[PDB]
Amino acid sequence: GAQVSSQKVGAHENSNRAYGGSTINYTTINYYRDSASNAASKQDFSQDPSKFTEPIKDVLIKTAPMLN
Amino acid sequence: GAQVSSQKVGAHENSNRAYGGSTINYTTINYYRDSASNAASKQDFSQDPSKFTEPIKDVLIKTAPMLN
Amino acid sequence: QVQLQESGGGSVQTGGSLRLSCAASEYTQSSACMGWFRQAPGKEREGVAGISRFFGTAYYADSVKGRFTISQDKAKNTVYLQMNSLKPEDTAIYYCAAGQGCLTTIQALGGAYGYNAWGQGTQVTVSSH
Amino acid sequence: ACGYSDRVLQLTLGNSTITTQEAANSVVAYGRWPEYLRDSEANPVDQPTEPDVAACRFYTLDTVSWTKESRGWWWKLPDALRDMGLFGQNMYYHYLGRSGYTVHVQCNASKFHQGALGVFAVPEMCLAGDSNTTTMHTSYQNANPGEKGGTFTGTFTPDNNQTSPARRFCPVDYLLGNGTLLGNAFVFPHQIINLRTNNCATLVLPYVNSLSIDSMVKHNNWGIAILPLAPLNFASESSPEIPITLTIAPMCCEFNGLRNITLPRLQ
Amino acid sequence: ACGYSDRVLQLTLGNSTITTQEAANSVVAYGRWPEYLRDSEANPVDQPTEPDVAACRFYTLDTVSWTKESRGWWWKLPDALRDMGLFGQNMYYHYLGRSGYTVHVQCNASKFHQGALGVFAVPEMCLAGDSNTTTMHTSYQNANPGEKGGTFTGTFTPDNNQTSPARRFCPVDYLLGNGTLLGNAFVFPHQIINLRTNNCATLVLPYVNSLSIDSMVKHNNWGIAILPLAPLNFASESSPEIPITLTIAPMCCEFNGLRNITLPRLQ
Amino acid sequence: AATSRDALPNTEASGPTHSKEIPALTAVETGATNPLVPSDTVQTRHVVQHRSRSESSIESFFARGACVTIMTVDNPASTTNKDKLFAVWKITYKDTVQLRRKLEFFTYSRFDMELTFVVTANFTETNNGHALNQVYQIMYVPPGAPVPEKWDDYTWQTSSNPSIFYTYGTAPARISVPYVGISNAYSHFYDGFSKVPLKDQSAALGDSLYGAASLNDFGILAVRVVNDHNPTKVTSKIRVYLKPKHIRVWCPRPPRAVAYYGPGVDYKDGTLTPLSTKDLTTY
Ligand SMILES: CCCCCCCCCCCCCCCC(=O)O
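Residue numbers (my numbering), protein chains in the order written: chain D, 1 to 68; chain G, 1 to 68; chain W, 1 to 129; chain E, 1 to 267; chain V, 1 to 267; chain A, 1 to 283.
Think of the hints as simulated: they come from the structure by calculation, not from any bench.
Just so you know, nobody snuck in bad clues.
With a cut-off of at most 25 Å between alpha-carbon atoms, the simulated BS3-like pairs for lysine-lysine come out as follows: (1) A:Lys94 x A:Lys268; (2) A:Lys102 x G:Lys51; (3) E:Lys111 x E:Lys68; (4) A:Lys82 x A:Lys233; (5) G:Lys42 x A:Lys243; (6) A:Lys237 x A:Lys150; (7) A:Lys199 x E:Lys218; (8) W:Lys65 x W:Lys43; (9) A:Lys233 x A:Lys150; (10) V:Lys148 x V:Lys218; (11) D:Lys8 x A:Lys243; (12) W:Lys76 x A:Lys150; (13) W:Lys74 x A:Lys82; (14) G:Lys42 x A:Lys102; (15) A:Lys195 x E:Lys148; (16) E:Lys68 x E:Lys148; (17) E:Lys148 x A:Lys199; (18) A:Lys233 x W:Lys74.
With the sequences and hints as input, model every part of the structure.
Right under this line is the structure:
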């Protein structure tokens, strides 16, 4: 029941027959029954700030006049 | 998500039905999400010293005259 | 910045005690040796006193050693400057000087070079009225 | 077949051409040719300034003299080109910039003259200062002498004027002014103007830094060190002299963050 | 549909953007957009200098004041940009060169202010001199005032100082300083900043000469004439004032024959 | 495709020769080192080489931790006059020498740093009183964050500053940090300054240190003994060891030949004598 995930490699070791290049992955294993016990996956998602930036009813075309 | 690598055998145990001969490999498992946490693979690469030794624009033929 | 706000402009006679203080409450890479600069309108701006943020690295200008001392409050956050036995030659506008990353006052020891936040300026006159 | 030789060369950058007959081939630092900033490596967003032939051409500095008692000579890039036509102008008006250079030092003598000159290109040629009281104490003015460059000395002289220090470099020759034996200097891309064989040294240097582009006004990426490896002698005279001249050319010159003129205090 | 209008405009050249809400469209002189020098039309052999964004961006001159007694104002190109950042530098260092420009004059008032300003671009705006003794007698210094430009007058004044003449222009307004009625001025590409309607005038001028490229230092290809067609009045006051500002941008800027710095005597 | 631990090329048999091919003669002025092998100058045999440059790869050369600093903290009595000692130390490789010079073989480098924390503790006052096992919190204060002023101020709460809680008597503390440079690589030598002194500015307003920049400012490490005032004082030292793993380097420089003098390249009088005495005609 292992959870193997990828690592976005930053600094690279002069290696590509072990480290460096060829996709470096990590393993994770949940030991507890309760989700509250698990570690943070950190594999999150982004969104569009619109709901805060453009909370306007009518579509905003940046090139057009705001007021028309 | 284990990483099994080889060992360049130096001294050999009077063994070849376990150790000594038949390719001895090792295992490695990444436990952390960040690449910065990983151990050094040590499986590196060499290059040609030329960029330091022969940084000359024109090809150096060792048997020919340097100056021609 | 840090906050640098100084006062203490008392025109005392030649041979009296005066205290100068500069606020350094906020804790950025905090004023290391700190710094005190005087500008004599005859000359220019020059470095004078300075004690390291944590350590006892206090540099003293040749002209002010012994008479002028630097000390501060590692809590109440303000930098004191005890200037006693005042000559008329010390009549200039003083300024406090934040030298951030302590190494700024470890490498060069004295301020001047590693100093990014500049003080306001207090006029001190030491005369024969 | 056609008589083509590595001693006889001619290089052309813009409306300027260099020609020689006593070359010792040509060096391309670390095997990398100068290049423009790649999209994958870029960072400032604004559209860059590429002056081309305008800035990218040969520029001749002020000639110095080689004699028996000279200890060496130095220059920094871009610094040594700060006041050279367009390039300099383009340097002073933009916050950032990058460039490569083809450095060509000239110094011919006679088949009766002798001596060897080490021309070393040292990326990040951070020289040593003159005080034993304060470190990293050399001022901007003294650090950057520009086109005239500076010299090395055979004896360290610590400044003892604590009232108004000199704040300059005191680069000892044998320690290549950096605290490291001149002997290893050969680790840097280099050539040797050994009078017998050659009259010139040509090195092509790409842009080298810890980042794609930097403020050339604040930071020098390459240093030019020229030290006599062998002494200068002629026949049997006591004080011979032979001039040395450096012509430098930026390559793949580009700049960003255009703004108002920078007027630094040089003195 | 989206509210797009000819009054509301924004133009961008380099790291500079102009924006307006009271425009009267935009004029492109003779229907020709500025362009680079074509191979079929070229003449100097050397590889040209194309500064791009470096020189080709908006440049704002010194603001002048419009009042009831102003007779008009004038500027020449490139002249009026001679000391503008890179372009000027690039002008002073090269023998030849060509360029187009997008001239944008600014002058807004109130819906309670009135007046009309004629902005005329006159190729080869050779103005008239002040002497009745000698013709074509205006000196270089007085001819080229640069960024500050010059003005027109309502009364001709002949210089009678025969000892040390003034040697300047005396451009009569109604004769558009050239001996031709201002009324026909409309033959030149133009616009009118009539306070009611518009706050600005935008004209795009291509490079115009009798030849592909010319010495911009010696010769001005375009002139900028701004004269109040209608007088400036506000409410019922006696001396109203409204500022006028010109921002100019070279376009397709190119130069050849790079050499040493030109240091002209401007005074 | 040549790895670090692969065998170097074998030396092959070569007999006598006499012709127009010139291996021995070249010209160093060109800046190129003649790439000769033994067979070019002497008659050799066929030899199957077995040795490899496994141990000299950049990785391997730096595959070790080095004491970078020694920090000092204590826990005195409550009745004390002088305040309890807390140590603050700016993160640099240049307080020590050994590690520095290795790093200095190159101009630029990229690496992920692994830090270890060996902690020592001792009694100082010749008494017979007692102390209870100590816990030490090593907080990392990055540039900008509030640096402690008291052993007991609000900073030690650590809501976003990385902090280590080390119990004395257990495995030394070890963390990892990625390539944190503001540049694309860490610069070991900077040929410049931070500020540009301008003409219409006061010299004072325009000065900066030569070779000093933010490229190297990583903040400080703050440490204290978490334990509250103890009747008999206890002294302690945290020795930090830095290992640059997953390392990459650029531009070789000659190694420091004269003892260091400050974080720069400067050297002092009378240290400028690295080589001893040796006559030209003796072995
Ligand atoms: C609590 C753990 C601390 C985490 C933060 C560590 C701060 C990063 C500092 C890394 C740079 C060290 C300086 C040496 C690099 C160099 O040789 O230039």
